[PDB]
Amino acid sequence: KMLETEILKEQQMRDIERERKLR
Amino acid sequence: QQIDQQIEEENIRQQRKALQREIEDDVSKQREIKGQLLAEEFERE
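If you read the protein sequences in the order shown, they are chains L and 7.
In this text, residue positions in the first sequence follow the authors' numbering: the first is 915, and each later residue adds one.
FYI, the numbering for the second sequence is 889 to 902, 907 to 937, going by the authors' numbering.
Pulled out of the complex, with its shape left as it was, chain 7 reads as follows:
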């Protein structure tokens, strides 16, 4: 039974990555939004 659950302990060490993927979305959006907004700043002059 301990081995059965020793394996589960590793199964659980194996959500952070999906948040990491999200981290990159956060980065891309803000980076590109700054460019979109500067393009808007000119359009809005």
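Bound conformation, chain L alone:
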């Protein structure tokens, strides 16, 4: 459970990273 959590949350960093690359 915590691994699926940490992963699903972690992936949203990757989407913020996308926002960061757009800047």
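There's no promise every hint is true.
[Stated by the list, open to error] Going by beta-carbon spacing under 10 angstroms, a handful of chain 7 positions derived as facing chain L:
1) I891
2) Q894
3) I895
4) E898
[As the list claims (entries may be wrong)] The following residues of chain L were derived to be distant from chain 7, with all beta-carbon distances above 12 angstroms:
5) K915
6) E918
7) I921
[Unchecked claim] The following label-pair restraints were derived from C-beta to C-beta distances:
8) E932 (chain 7) <-> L936 (chain L): 53 to 63 angstroms
9) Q925 (chain L) <-> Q907 (chain 7): 29 to 39 angstroms
10) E920 (chain L) <-> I895 (chain 7): 25 to 35 angstroms
11) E931 (chain L) <-> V919 (chain 7): 41 to 51 angstroms
Just so you know, these hints were derived from the structure itself, not from any lab.
For every residue, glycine included, the Cβ atom is placed at its ideal position computed from N, Cα and C.
Once you've looked at the hints, dock chain 7 against the given chain L.
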């Protein structure tokens, strides 16, 4: 790999400007040539 290429997509969005510079050459040449030609028209009277 997608980020690597997400960056390349922007790298490609980043030729038109050189054509724009050329657009200004086109403009300058014709504008000044009209003046050069009128000066010629008088010289040629």
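For this session: Would you pick out the hints that fail for this structure and give their numbers low to high?
Result: none
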